[PDB]
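Presented as structure tokens, the chain that follows is alone, the form deposited in one PDB entry.
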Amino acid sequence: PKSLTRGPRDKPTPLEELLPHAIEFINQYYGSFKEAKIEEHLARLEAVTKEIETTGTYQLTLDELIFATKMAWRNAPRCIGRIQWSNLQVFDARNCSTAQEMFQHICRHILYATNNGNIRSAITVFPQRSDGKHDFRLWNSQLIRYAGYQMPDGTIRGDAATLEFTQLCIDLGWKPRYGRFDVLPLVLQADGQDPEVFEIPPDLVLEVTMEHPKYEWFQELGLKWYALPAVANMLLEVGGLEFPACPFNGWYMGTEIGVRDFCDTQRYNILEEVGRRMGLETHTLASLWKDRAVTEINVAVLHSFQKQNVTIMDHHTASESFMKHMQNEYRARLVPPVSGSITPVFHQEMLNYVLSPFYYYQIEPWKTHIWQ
């Protein structure tokens, strides 16, 4: 995915690589207004140019930043959320200094975002990359996520996708409770310093208890998942600027909540216990009972969410949320095309088209971090 990965630097972005993008951005920004702000637009371009001339970089106005985060969301071709991009709360943390402070900002986010199940979308933007030596990073892939443990006999326990990170956490001093649903700690890096680990206050992590509307025994097999899907390891590019730390969140779809993960020895087990029900024939592969169980688990999940009043992207939600997004544009008194975000970028030997602003992937920090 190297195309969509924006890596680390060790020196500020050159003028010839910053100025053009800053200009394009500011034009894009001022081009959004129904009512033009000519005098302001020209003076801003001047301000920014002189600022890059004198300081070597530039700062975004809170309003420019807000716009950037929303546009980058609008420019996320995989995200169904891009549909209602105006429904985003932006938390400005560009004045942050330490991991201690990062944690507070992160807790505020979780708190705001969770809202007792009535999930709200938000993004916390930490200081932008300066020289690439003083980066702010969240080593975690997601704010909330279960630990994955490599058991002696070879089987995994917990989230199989977090094995490498869990190990890291252990190496960093985190005491592993060898359970199936252990919420991983936040590994926060501020000002390029070594990362610091913080346990996430249990009260802040809302979890959905799995139960089926028909099968009363469902709750007996003790399955649960966290309500907040928040990405922590991405980078926001905007007008040449780079924000290595800017975690955001949305809400689940329903059809994807991963553990029903039809994979290995993790899958098989939960799937057989199920057969206890209606299609009790788990002794043979003649009855494709697995199809029955999977379909039913999705039912238990969907049901669990709606009954525990935790927002999920069902058909009604998708439409209602989109309407709310349209109400915001109407009260403002046509949209700026997606085309207005495509920038021709000539990287080594090929003319390619890139979107900006945009949420890029990054290289896992421990792979590049230089220990103090």
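Positions refer to the first chain, counted from 1. C-alpha atoms forming the largest set that superposes within 1.5 Å between two forms make up the rigid core. Compared with the form deposited in another entry:
- Comparing the two forms between the two forms on the rigid core, the single residue of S97, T265, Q104, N116 with a CA shift of 2 Å or greater is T265.
- Core-superposed comparison between the two forms: the CA of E16 stays below a 2 Å shift.
- The Cα shift for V354 between the two forms, taken after rigid core superposition, is 2 angstroms or larger.
- Superposition on the rigid core between the two forms places the CA atom of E320 2 Å or more away from its counterpart.
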Contents of the next structure:
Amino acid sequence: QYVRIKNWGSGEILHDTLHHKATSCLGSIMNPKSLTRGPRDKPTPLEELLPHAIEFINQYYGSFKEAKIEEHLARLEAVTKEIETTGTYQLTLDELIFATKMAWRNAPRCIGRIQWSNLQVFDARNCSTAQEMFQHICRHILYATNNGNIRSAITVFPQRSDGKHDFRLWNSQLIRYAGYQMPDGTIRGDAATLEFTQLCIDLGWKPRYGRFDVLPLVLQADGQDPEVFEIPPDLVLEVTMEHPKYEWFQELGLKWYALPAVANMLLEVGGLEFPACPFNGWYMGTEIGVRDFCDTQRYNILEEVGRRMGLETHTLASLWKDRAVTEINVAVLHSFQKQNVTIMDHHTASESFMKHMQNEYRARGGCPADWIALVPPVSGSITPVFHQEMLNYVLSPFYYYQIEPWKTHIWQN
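Switching conditions: you have the form deposited in one PDB entry, so give me the form deposited in another entry.
The next block holds one chain only.
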């Protein structure tokens, strides 16, 4: 019945039974179709909706310490009637709160899941215009940032009705820097955002040609054309990069935003789909220090830092790259701490996740996990997660990927 997984570090064994509740190896693929919930042009067929809704209501009430069968039966009936008379249904605030946390709890690629129960939920299901979306997002950014003392939060916009009136954030993240192709051929800023930066420009946004220009929110409300909105600067908290030992580090003129917020995912719960539900947590050092600053396709500062440290940047076997990326990682952590901005190093995060995984098997017999995503981009086997065998599966509620909005959108004018 159960699948056994071994922790080669501690030798411990765990029994997975949770995978039964799930829905060439292509595990290396970035955004596979199996994890992508696309568009629709017709309401969810009732045959599919009702069963999923019942399943979720049962899950909701089954999660209480003190069972409430009286209210449980009443809810099952009311949901049925609502679907019967309207073709869909509305979740209660508590059900939604429950759904967002469980969906987080069910995110296989998330290493910060020990925090699953601490989540502020902003109910924006009554939203209707792009301007209103913008206001909600600003309130979210402000709450979440909290002047460095980062707080996890999520904002839930209206659920998909027929698929023709979807609320969508065209941005990948709430805060992200622009990338510009310069006249001299060089790339300025975030090379990974070239295409999207151009889109913002095509829509009206004015390019400032800097290394760290915060991109605007491209908001789609009620299925209509996306509108551009500059994020008010006071809301964007940044951290200037300094090294605790190398004074020349600040001469690099690097910085990064403090708020990590996924803006384009879809929340599936009880047959319902929320195409717009931006959420955030706090940063894990290696995200900035390794991916943002060291990927060749991003800011690519590795060679510059190595040369500044006076390393043999011309001989790979010298391991100058290993020495460089570490000082950069140290810079990021040191900077976020000096400026009182929440952040967690990868070692502490890894240990934190192991503890979580342990709690999850103890509590529900499993923990969906994506090894490829969970193992940090540096010092892999130095972290306990590397030696932990994992099972990857899709539960419900769940946070799905969506097809790029500009690829399936039908323009008004």
